Amino acid sequence: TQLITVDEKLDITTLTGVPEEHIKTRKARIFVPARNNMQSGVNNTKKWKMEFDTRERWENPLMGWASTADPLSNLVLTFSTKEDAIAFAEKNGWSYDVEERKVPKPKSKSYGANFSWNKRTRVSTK
Amino acid sequence: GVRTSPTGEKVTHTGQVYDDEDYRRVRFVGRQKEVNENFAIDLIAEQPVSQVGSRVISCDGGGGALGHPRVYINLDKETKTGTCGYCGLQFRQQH
Amino acid sequence: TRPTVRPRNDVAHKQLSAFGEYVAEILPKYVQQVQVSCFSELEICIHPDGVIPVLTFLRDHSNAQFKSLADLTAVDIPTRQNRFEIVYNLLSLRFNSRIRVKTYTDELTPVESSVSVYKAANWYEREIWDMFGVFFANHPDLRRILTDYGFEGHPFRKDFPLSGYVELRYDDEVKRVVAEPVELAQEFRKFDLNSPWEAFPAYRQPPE
Amino acid sequence: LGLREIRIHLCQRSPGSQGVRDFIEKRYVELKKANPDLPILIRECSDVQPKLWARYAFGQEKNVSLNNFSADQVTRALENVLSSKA
Amino acid sequence: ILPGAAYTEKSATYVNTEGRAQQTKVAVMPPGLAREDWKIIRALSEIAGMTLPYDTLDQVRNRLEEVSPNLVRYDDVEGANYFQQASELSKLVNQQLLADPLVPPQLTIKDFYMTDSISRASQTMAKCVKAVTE
Amino acid sequence: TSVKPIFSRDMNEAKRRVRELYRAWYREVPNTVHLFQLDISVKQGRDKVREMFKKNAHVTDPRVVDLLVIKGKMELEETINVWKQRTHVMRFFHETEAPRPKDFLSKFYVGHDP
Amino acid sequence: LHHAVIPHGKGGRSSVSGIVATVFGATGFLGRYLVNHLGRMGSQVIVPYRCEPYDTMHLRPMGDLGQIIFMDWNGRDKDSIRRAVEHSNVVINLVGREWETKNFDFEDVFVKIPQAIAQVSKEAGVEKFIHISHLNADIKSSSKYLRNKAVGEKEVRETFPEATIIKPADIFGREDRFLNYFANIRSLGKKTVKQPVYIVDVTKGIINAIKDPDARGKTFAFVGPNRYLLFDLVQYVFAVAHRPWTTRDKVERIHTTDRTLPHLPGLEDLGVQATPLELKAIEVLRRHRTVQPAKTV
Ligand SMILES: NC(=O)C1=CN([C@@H]2O[C@H](COP(=O)(O)OP(=O)(O)OC[C@H]3O[C@@H](n4cnc5c(N)ncnc54)[C@H](OP(=O)(O)O)[C@@H]3O)[C@@H](O)[C@H]2O)C=CC1
Ligand SMILES: [Zn+2]
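Protein chains in written order, with the deposited numbering: chain c, 8 to 133; chain b, 1 to 95; chain 5, 7 to 214; chain e, 13 to 98; chain 3, 560 to 693; chain g, 14 to 127; chain d, 1 to 186, 195 to 252, 278 to 323, 334 to 340.
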């Protein structure tokens with residue numbers, strides 16, 4: 008035979024060494040990050056990302072530095088598809104919410120539309 | 001141009017001073033608050049405005065490759081001087 | 007493209023492509039891919055049931071003689087369902103060459119220990135237990151090698167945080183070094199550095 | 013002490029909400045003319061089952077699933093809700 | 560005074576003018592002793608002895624789905640039918656139209672910048688008003 | 014759904030290995046309290062062993078509990094051979110940590126954590 | 001309440017507790033564990049020290065960076081006391097000597113110095129003041145220690161009306177002079201009844217008295233859970249320690290019974306459960322080694 012049959016749900020929460028507070032109180036967010044509107048490049052919209060909810064950052068009394076107690080505050084995971092990220096969240100017991108990929112819908116671009124005869128879409132200058 | 005709060009604490013060139021009821025003054029008890037008494041905002045005000053006969057001036061902060069990236073400043077406004085963004089030296093078209 | 011560009015070695019590329027075909031056709035039961043990088047390194051991606059038959063081949067075969075295990079490595083890639091990528095780096099001193107044998111597992115499937123082929127692997131895959139959590143079956147002494155003795159979790163997994171979950175300090179009440187949940191006086195600042203413009207058009211993946 | 017609000021949840025396109033849709037297309041106006049000072053909140057959603065929430069006094073909310081009912085069955089359950097006041 | 564959280568300080572469902580429910584995310588935490596708003600109301604319910612059946616944000620949103628199931632389906636516009644029934648109900652009272660002209664409260668750019676308590680506390684909105692009033 | 018096992022074919026062999034690991038820990042606890050000269054009782058350490066075994070009691074996957082048995086044998090091997098110090102054994106007892114707020118109201122009072 | 005003194009974090013080492021504490025006498029035995037339990041919350045602990053700075057080194061790993069401020073002080077210098085307490089929101093007093101010295105008697109250590117600390121802390125605007133008396137403090141007591149400590153308690157109560165005054169019975173611990181006294185005496197057995205209190209219970213009581221606003225103006229009696237005779241207590245000490278510097282004031286105080294004050298609250302009204310002697314005496318007396336428990340009353 009040399010193969011067993013496990014029809015249970017895949018769950019590895021007892022093996023990752025993560026404490027209970029950082030499994031059952033965290034909300035993973037699975038999302039394609041939006042394009043920075045400072046820029047027109049789209050290479051950061053290509054993959055799915057899993058992050059977690061932000062916890063408290065407070066002031067260091069000595070220096071004013073951002074003190075944290077969240078170990079998962081810098082954890083950002085990269086996934087190729089939505090379903091891989093959903094499978095990785097379900098495998099680790101992270102309750103998650105998913106935002107759908109927002110691609111821009113295709114535009115209708117006409118350079119001659121800038122110089123029309125009767126339409127409002129003339130440019131007043133160029 | 002360092003000044004002093006009513007608590008006696010020196011105010012830095014940022015403007016930072018603790019409140020009177022702030023406990024974090026206890027770190028200076030028996031010790032000193034190290035401030036720098038050369039305020040750059042006052043020291044660049046001491047520099048005179050350079051009268052040049054050109055319309056566009058170039059500043060690199062002096063020293064060539066020991067100053068800042070070389071920038072070009074327009075002097076077409078006559079109300080405002082032409083201030084360098086790196087070193088704060090301000091210029092004026094003489095005409 | 008002379009002064010600043012790395013020179014391409016076409017002779018070694020042809021020889022490694024030929025030997026990759028050789029290994030792929032001698033062992034078709036386990037060889038899944040064979041590829042050669044543009045800087046001429048041969049990778050033999052195999053099935054994890056053939057860790058021992060492939061590695062014993064390359065170590066013992068007279069046209070291979072990969073007598074040295076240089077390095078043994080896992081790579082956590084969480085977007086794959088078999089997230090761990092076990093990487094063998096082999097050195098043939100006879101033919102003055104190197105090969106890479108790559109395979110895969112998830113957290114729960116064991117990989118067969120290659121101490122029967124390279125005793126050098128005795129610590130390396132043990133480190134793969136410590137850092138990644140990959141279990142190796144029929145290992146002589148499989149335990150942790152680098153982490154602290156009460157350490158929970160496998161650190162080089164990419165869902166494991168950079169700082170851990172615990173930190174130590176001496177406590178004079180209990181007269182003991184103790185572990186507590188980690189609090190950082192300054193948080194590690196995360197830098198999003200990736201440019202939104204495509205850097206390498208040769209590596210472009212096709213869209214959906 | 014009394015009924016305070018009624019909440020009717022339903023779908024736009026599901027067949028199980030159809031009679032519930034048949035209740036509101038035909039029989040809501042003379043319901044609302046009968047109970048002017050009663051909020052009867054109709055909430056349509058995408059793929060929900062039909063449902064009838066009745067909040068009574070002091071936060072008590074009873075619930076009646078209206079799945080696969082006709083308009084007359086929704087009428088009888090709603091007039092039981094109105095005559096109940098429990 | 561019960562100091563609460565702002566929109567950058569909580570994950571929170573807001574529904575726009577077209578019916579689309581949308582959730583914010585916690586960017587920073589509330590300053591000082593201020594807490595999230597339903598946390599304050601739930602703690603007040605527990606102090607008063609009339610404790611509410613929710614403890615986490617997901618249980619609040621299960622309650623919120625119980626009250627209307629479209630407040631948890633985010634970035635979705637749920638269509639609303641029954642214009643004819645509301646038209647029939649609106650004919651009951653013959654309310655009279657006043658003779659006063661329809662004047663919106665925001666006529667120029669002067670009236671735009673300060674509307675709510677965040678904008679009135681904003682020094683940038685103050686400079687915008689001071690810039691447009693001269 | 015046909016996967017390669019670790020040691021156990023189903024859950025019965027898995028529970029057998031869990032049970033033998035529990036026997037080994039239960040026998041080992043008085044030796045651990047003696048030679049690490051721990052300031053807990055033997056009953057307190059055995060209650061901690063029962064707690065660490067009941068924490069993972071919700072698992073129905075044979076491979077996952079095989080790895081739990083393997084890691085428990087590793088912890089036992091680090092305990093019997095004196096590889097842990099007293100500190101590593103007493104890290105199971107979170108003794109310097111203040112007790113966490115459990116109900117809603119105390120968690121409301123201390124901060125923002127749910 | 002000022003913005004820097006609002007609590008933040010999860011109560012760990014880098015957290016903020018909002019406790020700006022001036023612990024007089026932190027270089028001793030109670031101050032050791034008190035500065036430990038304060039600094040592990042993330043409290044600004046001011047340590048005024050009289051001794052060599054070397055003898056303060058153990059206080060330094062007890063908190064985050066800048067959360068322990070060491071400074072000099074004198075018991076007869078009110079300016080140094082004001083220099084230490086003018087930023088604190090709580091002042092704890094722990095100054096004590098079992099023996100009187102050439103420059104300080106019991107009247108100096110228990111009457112003059114606590115009244116000076118409490119008067120300066122009143123006229124500096126310190127919110128909370130904690131005084132540590134002894135359980136057997138009496139004006140008509142046989143020992144000079146307890147007489148002057150009753151006098152100093154009365155003065156602290158009349159110059160800081162909201163002073164949380166705490167009565168420990170006989171504090172045992174690692175660096176104590178109670179079980180380590182009995183294990184190194186190799195005085196006798198009488199009709200003296202004691203209920204010794206554990207030091208971590210005392211420290212939790214002091215910090216819960218800081219955290220409880222209702223503990224202002226109160227008077228607590230930190231007692232152990234089990235009352236023992238003196239003789240079988242000493243026999244239990246010599247039974248655990250595997251055995252077959279003094280003055281007559283200590284002889285009078287060891288043969289002074291721990292009184293019962295039911296009108297005063299104890300450890301339980303601050304939320305602290307008292308740890309019994311038999312769970313900690315092995316931990317205390319393991320150092321003295323080269334067991335049937337004691338009889339309670
Ligand atoms: N078993 C116990 O410990 C019990 C103690 N108490 C009371 O609790 C208090 C603290 O106890 P404990 O820690 O055990 O005693 P310690 O003698 O161990 O500590 C006393 C502290 O006060 C300082 N101190 C002593 N004399 C002077 C002085 N003249 N001027 C300035 N500082 C001085 C010491 O500093 P330095 O090292 O510089 O001398 C030390 O830090 C005392 O008032 C004691 O009476 C009450 C019940 C039981
Ligand atoms: Zn310049």
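There may be inaccurate statements among the hints.
Calculated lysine-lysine pairs in the DSS-like style (CA-CA distance at most 30 Å, straight line) [to be verified]:
no.	chain 1	residue 1	chain 2	residue 2
1	g	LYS56	g	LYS28
2	5	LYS73	5	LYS125
3	5	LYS181	g	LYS84
4	5	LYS164	g	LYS56
5	c	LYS98	c	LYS34
6	c	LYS98	c	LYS133
7	5	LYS181	g	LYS97
8	e	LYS74	3	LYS598
9	g	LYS56	c	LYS98
If you want the footprint, here are the derived chain e segments under chain 3, 3+ residues with CB under 8 Å [claimed, not checked]:
no.	region
10	16-28
11	54-64
12	76-89
It should be emphasised that the hints constitute simulated quantities derived from the structure, not laboratory data.
Beta carbons: idealized from backbone N, C-alpha and C, even for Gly.
query = Are there at least three residues in the region 76-89 of chain e whose beta carbon sits under 8 Å from a beta carbon of chain 3?
reply = Not satisfied, violated; 0 residues make the cut.
inquiry  = Check whether the Cα positions of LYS181 (chain 5) and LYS84 (chain g) lie no farther apart than 30 Å.
reply    = Holds - the C-alpha atoms of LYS84 (chain g) and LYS181 (chain 5) are around 28 Å apart, at most 30 Å.
task = Could you grab the alpha-carbon distance between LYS98 (chain c) and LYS34 (chain c) and see if it respects the 30 Å cut-off?
result = 14 Å, holds
query = Given the hint that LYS74 (chain e) pairs with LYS598 (chain 3), does the C-alpha gap stay at or below 30 Å?
reply = With a Cα-Cα distance of about 26 Å, the restraint between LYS74 (chain e) and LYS598 (chain 3) holds, given a limit of 30 Å.
ask   = Are the Cα positions of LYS56 (chain g) and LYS98 (chain c) separated by 30 Å at most?
value = 36 Å, violated
ask   = When you check the alpha-carbon spacing of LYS98 (chain c) and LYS133 (chain c), does it fall within 30 Å?
value = Violated. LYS98 (chain c) to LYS133 (chain c) sits at ~56 Å, over the 30 Å cutoff.
request  = Would you mind confirming whether the straight-line C-alpha gap from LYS164 (chain 5) to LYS56 (chain g) stays at or under 30 Å?
outcome  = Judged against 30 Å, a Cα distance of about 39 Å means the pair is violated.
inquiry  = Next pair to validate is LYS56 (chain g) with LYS28 (chain g); report whether the Cα-Cα distance is within 30 Å.
reply    = Given pair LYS56 (chain g), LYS28 (chain g) holds - Cα atoms ~24 Å apart, limit 30 Å.
message = With the threshold set at 30 Å, check whether the alpha-carbon distance from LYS181 (chain 5) to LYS97 (chain g) stays at or below it.
response = Roughly 16 Å between the alpha carbons, so the hint for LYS181 (chain 5) and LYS97 (chain g) holds.
Stated coverage of the region 54-64 of chain e by chain 3 [criterion: 3+ residues, CB within 8 Å] = With 6 residues in contact (Cβ-Cβ under 8 Å with chain 3), the coverage given for the region 54-64 of chain e holds.
inquiry  = Just to be careful, I want the Cα atoms of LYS73 (chain 5) and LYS125 (chain 5) compared with a cutoff of 30 Å; is the pair within it?
reply    = 11 Å, holds
query = How does the coverage statement for the region 16-28 of chain e fare against chain 3, requiring three or more residues with Cβ below 8 Å from a Cβ of that chain?
reply = Result for this restraint: holds, n = 3.
Comparing the model with each numbered hint stated earlier shows that hints 4, 6, 9 and 12 do not hold.
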